[PDB]
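Q: Read off the chains here:
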Amino acid sequence: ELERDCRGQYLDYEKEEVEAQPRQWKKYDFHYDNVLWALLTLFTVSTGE
Amino acid sequence: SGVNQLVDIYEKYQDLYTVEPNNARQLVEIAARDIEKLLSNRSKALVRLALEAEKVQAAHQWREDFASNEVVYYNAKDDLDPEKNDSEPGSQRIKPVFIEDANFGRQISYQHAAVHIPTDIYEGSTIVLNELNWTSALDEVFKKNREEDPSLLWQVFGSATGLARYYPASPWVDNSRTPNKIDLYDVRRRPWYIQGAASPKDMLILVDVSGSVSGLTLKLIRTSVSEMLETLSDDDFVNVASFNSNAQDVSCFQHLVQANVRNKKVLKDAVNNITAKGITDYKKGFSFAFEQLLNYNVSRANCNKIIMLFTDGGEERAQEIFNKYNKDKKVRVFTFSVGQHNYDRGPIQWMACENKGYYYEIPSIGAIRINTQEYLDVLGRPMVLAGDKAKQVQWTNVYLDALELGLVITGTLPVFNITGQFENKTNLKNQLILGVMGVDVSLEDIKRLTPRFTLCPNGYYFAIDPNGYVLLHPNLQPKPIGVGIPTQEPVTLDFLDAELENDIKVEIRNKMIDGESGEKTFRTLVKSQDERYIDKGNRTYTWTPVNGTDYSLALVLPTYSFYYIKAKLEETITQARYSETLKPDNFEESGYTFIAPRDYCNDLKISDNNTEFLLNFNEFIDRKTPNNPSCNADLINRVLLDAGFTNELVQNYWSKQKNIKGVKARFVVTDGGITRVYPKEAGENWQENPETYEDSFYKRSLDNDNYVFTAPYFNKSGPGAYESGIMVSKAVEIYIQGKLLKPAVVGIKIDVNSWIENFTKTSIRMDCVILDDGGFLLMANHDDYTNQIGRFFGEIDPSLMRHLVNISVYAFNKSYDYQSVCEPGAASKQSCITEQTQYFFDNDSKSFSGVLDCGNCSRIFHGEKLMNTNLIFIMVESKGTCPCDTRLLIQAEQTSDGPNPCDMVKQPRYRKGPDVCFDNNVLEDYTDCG
Amino acid sequence: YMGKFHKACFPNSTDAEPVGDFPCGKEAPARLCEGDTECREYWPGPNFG
Amino acid sequence: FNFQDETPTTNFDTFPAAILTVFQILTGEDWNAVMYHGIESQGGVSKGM
Ligand SMILES: *[C@@H]1O[C@H](CO)[C@@H](O[C@@H]2O[C@H](CO)[C@@H](O)[C@H](O[C@@H]3O[C@H](CO)[C@@H](O)[C@H](O)[C@@H]3O)[C@H]2NC(C)=O)[C@H](O)[C@H]1NC(C)=O
Ligand SMILES: *[C@@H]1O[C@H](CO)[C@@H](O[C@@H]2O[C@H](CO)[C@@H](O[C@@H]3O[C@H](CO)[C@@H](O)[C@H](O)[C@@H]3O)[C@H](O)[C@H]2NC(C)=O)[C@H](O)[C@H]1NC(C)=O
Ligand SMILES: *[C@@H]1O[C@H](CO)[C@@H](O[C@@H]2O[C@H](CO)[C@@H](O[C@@H]3O[C@H](CO)[C@@H](O)[C@H](O)[C@@H]3O)[C@H](O)[C@H]2NC(C)=O)[C@H](O)[C@H]1NC(C)=O
Ligand SMILES: CCCCCCCCCCCCCCCC
Ligand SMILES: *[C@@H]1O[C@H](CO)[C@@H](O)[C@H](O)[C@H]1NC(C)=O
Ligand SMILES: *[C@@H]1O[C@H](CO)[C@@H](O)[C@H](O)[C@H]1NC(C)=O
Ligand SMILES: *[C@@H]1O[C@H](CO)[C@@H](O)[C@H](O)[C@H]1NC(C)=O
Ligand SMILES: *[C@@H]1O[C@H](CO)[C@@H](O)[C@H](O)[C@H]1NC(C)=O
Ligand SMILES: *[C@@H]1O[C@H](CO)[C@@H](O)[C@H](O)[C@H]1NC(C)=O
Ligand SMILES: *[C@@H]1O[C@H](CO)[C@@H](O)[C@H](O)[C@H]1NC(C)=O
Ligand SMILES: *[C@@H]1O[C@H](CO)[C@@H](O)[C@H](O)[C@H]1NC(C)=O
Ligand SMILES: *[C@@H]1O[C@H](CO)[C@@H](O)[C@H](O)[C@H]1NC(C)=O
Ligand SMILES: [Ca+2]
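Residue numbers (my numbering), protein chains in the order written: chain A, 13 to 61; chain B, 79 to 1008; chain C, 1359 to 1407; chain D, 466 to 514.
I should point out that these hints are in silico values taken from the structure, not numbers from a laboratory. The beta-carbon is built from N, C-alpha and C at its ideal position, and this holds for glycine as well. Please note that a few of the clues may not be correct.
What the hints assert, rightly or not - Going by beta-carbon spacing under 8 Å, a handful of chain C positions derived as facing chain D:
id, residue
1, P1387
2, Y1400
3, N1405
4, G1407
Unchecked claim - Some chain B residues well away from chain A (every beta-carbon gap over 12 Å; in silico):
id, residue
5, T565
6, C679
7, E873
8, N934
9, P992
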């Protein structure tokens, strides 16, 4: 839960076979980090999708 | 064959050799001293390494900025391509020059140490970068250790941060960067790290199988309990209990059982079969756990009593149960909050605080592997505070090296945090070990301290643990121990499982575990190497304790092996004359010669392709005189002397006759290494081991003072029996100065047709079968059984075989092979336990007649045992009658689950635990519950 | 549309779970299988069936 | 709703969870996924429909 910690690779246990996947500090697609991003996020909320 | 001719050859040349004694007591004492010298050399290396590691970490200053000062290291999981762009932001990566070394069998760099970092662990972190900085001193000490002892194998620093820094820089095994090859290796889960990081445990894993753990949480709990069991060694004792309003054992075990592979699999299956249902009661589960930790009627590691609570959460701190059972706090309680949930974790975290434990969260698969390493991290607190008494070298069970070297043991030593000492500072986390130092000892490093070539093929050494597991044994193979029926663990084979178990052998095993020294001559049931025959052997076990270690070395030695032939070849031209008889050009004057691929010369490389090794051996014999300290004088002298002896038989007694109607191949095999077979046309069909000490017929024929008929293999596509013959062998029994020596085994590959004719020729003066020991069909007269030559009798006609067993002309011993590769059934080839049986002449009587009461009919048979050989003639006269062929006596490696471990933990084998262990210290800071 | 969501891309005779959560059709216009997989019957369907 | 490998956040275990799930079904978004979970929680297509 920190960007410092979130580097390198981790063992993914999703495909039922372990695979090393990169550790990426990503941001959610709709994220309120701005009054313009919040506007688009709330638009998607109002449409319900 | 020429038994008497070769005997006369041997006594005719008593001036060419000296009969020396195989003093078993002296041999065992010398080999035990050699083993303790090797292990003390490795212990000294470990002490050097741990001293420097503590000294250099204690003088390390923390940093959070390694860009201004990079750490230069070789990452083991790095591609050999010169990629300058493959450097982490905070570290410079070495690109090494790799030589190929025979001692390791891989690419090895002696200039620097390599570092393993788990994929789950980022190598640019502050923790890892600080470790990579202060471990370079370990690097140069690695170099010093190797230069003071060039025979050193891997010497490694397993760090508590996840890094493993091992000296000979070698790339990681196959998982550097490879699809389908993921590196799950973590040094803190290795058996040597776990062994050296704490004292033996007494876990009771409490599993919370109530309603609230259904679905994902139960899956995580069962995987977590499996991975928790996978950190338990053979000195730890474990039980798994589950509670939901009442506690019960998950498995057939009712008490703490030893955490060996088979018991651990029982517990793992019991956990996998567990179900979630009912309400929780943390009081009736902890009552059960504490009661089971107080059960002293059973074998235990009387140390480190633990409870591992695998719950999710709840609102029950269970004060009064802990007060009643854990008041002086002799038992630690580690609590795990498994799963992704919102239940109250407060009581779970408090149980860890009030009980010297630690609290862990496992929210998903992927967090499972690390928290277990962490309870081990907690358990080492009393070991650190017991500063230098704890730094004792321990030797791991035999296991398979990760960077493949086969079977190794490894000596461990904890490394402590020494930042504040005699300059006392806060010392916050100075209660944790820095890591464990390891040094590898190959089992082939021990096998050359126990030389077997002055011994009979039936004689050998073997060492033993205090658990009874063999450090050294001819029957211990580099394969994982089979654990049941198929659907990173030690190769722990017990002594009573490597051999055939008598009761004398159990007493000897207990005496060896106790560290006593003694001797015991007795009659054994020696199973043959091909694992189809059993001999009533006559052995002398002499054992000593290997001082300074918990091992115990013994020497098995037949009564006819107390003397051996030390070749007196010093004329330098007599041995040359014997040499020219070895060259692969005279394989029609002398027989088709095989030399045993032994370590005659340091520069000979042994090969399975025996003619290649024969060429190399002849080349080395050509120019030998300047090679005084390179070639083992005794082995080459013995093989040359025996080559001369077998030449004076293949020429002076076979080449003067050159052909006999009944034979198909005449062979002589010597304990020196020569296995000449005459015709060289049937010498191609000769498929016995070039090494004479690994020949099943040779060792079989030394026990019997008869002629041993080695039945061929049925349904085996190769040289066969019709076009190769069926083997007959007798061992020469020469006498020199009244000493019985059996230095060679002459033999005959009797032709099947020349013998079937003589079998049916005298019928004028149909069912008649020839059987040897083990009930194998040498042939019949029915000409349909002779199609199945060398097959077990019970496969052919089970009724008569079972009856003959019933009269006890054939006894049998059913045993378990724990190291057999296995075709996996359904609920490539895996490893299982096979259940192998061997038949043999039970009684010394010669004639056996009776009535075979087949169902609703009757059959009459007569069995007679041919004198001076291992054969029986069964004159059974009944064919095509009513079928009592209801089943079969399949004598083979029947895949089976081994002995019921539920039953053999109630009467377990004798076992000695570690003496000194560290728990329950008062200087300990229990306030780190996490 | 009766019973047309029951053929999935199954692996080669392994009888395991199919690859992809989509129906398939060995015919021409439908969605074909790929990766040495066969489009055979007895798959519960999309959305657990 | 404690299925294997997953517990949905749109469950009816607590009152906040149930109230949010019902509110989301009223707004209509992804009510079908919650329906699939509520069917598969009572035995699957065979007996939970
Ligand atoms: C079945 O076939 C022949 C029988 O025609 C067996 O050979 C004969 O075996 C008897 C055994 O009692 C010998 O006496 C016969 O002569 C012997 O030959 C040896 C050879 O060195 C002499 O040293 C003896 O002094 C004696 O003369 C022998 N005859 C021949 C021609 O071999 C044969 O062994 C048997 N087959 C098998 C496979 O056993
Ligand atoms: C062995 O024990 C010593 C302490 O006895 C450990 O060294 C200490 O490690 C901690 C990290 O847990 C350091 O604290 C850090 O300090 C930096 C800079 O001040 C700060 O930014 C961090 O937030 C953190 O507080 C500490 O300075 C360091 N030294 C001392 C004297 O405490 C050492 O890590 C232990 N060995 C291993 C292998 O971990
Ligand atoms: C392996 O094979 C050996 C073959 O010797 C088996 O040992 C034999 O077992 C039988 C059956 O118990 C013994 O017969 C018994 O002898 C006692 C004392 O003489 C007698 O009181 C009984 O009535 C019965 O006749 C036999 O003595 C014994 N042989 C030896 C040399 O001890 C053994 O059971 C087989 N299995 C294993 C796992 O070893
Ligand atoms: C660098 C930050 C720029 C932010 C631009 C993000 C996209 C803006 C889209 C705005 C959509 C608003 C919809 C609301 C209409 C009622
Ligand atoms: C082991 O030590 C004991 C007593 O110290 C001694 O009698 C024995 O000979 C030693 N054994 C070896 C193999 O050195
Ligand atoms: C131990 O090391 C010394 C050198 O320090 C060496 O002379 C000796 O042969 C070694 N012993 C063994 C058993 O390897
Ligand atoms: C630690 O790092 C510093 C600066 O990079 C270096 O001078 C020092 O030698 C390192 N310590 C060790 C033990 O190598
Ligand atoms: C173990 O699995 C079998 C197979 O379904 C089951 O019948 C049995 O109840 C399980 N064991 C326990 C203790 O429930
Ligand atoms: C152990 O043995 C004693 C005496 O035989 C008995 O009272 C006790 O119940 C047994 N079990 C435990 C756990 O102490
Ligand atoms: C060894 O064999 C002889 C006969 O070959 C026998 O008399 C003796 O008892 C055997 N040894 C032992 C220890 O029984
Ligand atoms: C063994 O080596 C010799 C000489 O190097 C060669 O002629 C022969 O073909 C080899 N045999 C096998 C089975 O490799
Ligand atoms: C032989 O078979 C009988 C049953 O037919 C059985 O009672 C007996 O134990 C078996 N063994 C011997 C040695 O009689
Ligand atoms: Ca509960």
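Q: Evaluate each hint against the coordinates.
A: The hints, checked one at a time:
1. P1387: With a closest approach of 27 Å, the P1387 (chain C) hint is violated.
2. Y1400: violated (13 Å)
3. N1405: The hint holds - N1405 (chain C) has a Cβ within 8 Å of chain D, the shortest such distance being about 5 Å.
4. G1407: holds (4 Å)
5. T565: Fine: 17 Å to the nearest Cβ keeps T565 (chain B) off the interface.
6. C679: Per Cβ check, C679 (chain B) is outside 12 Å of chain A; nearest 47 Å; holds.
7. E873: holds (43 Å)
8. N934: holds (58 Å)
9. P992: At about 34 Å from chain A, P992 (chain B) clears the 12 Å cut-off, so the statement holds.
In this structure, the earlier hints numbered 1, 2 are contradicted, and the remaining ones agree with it.
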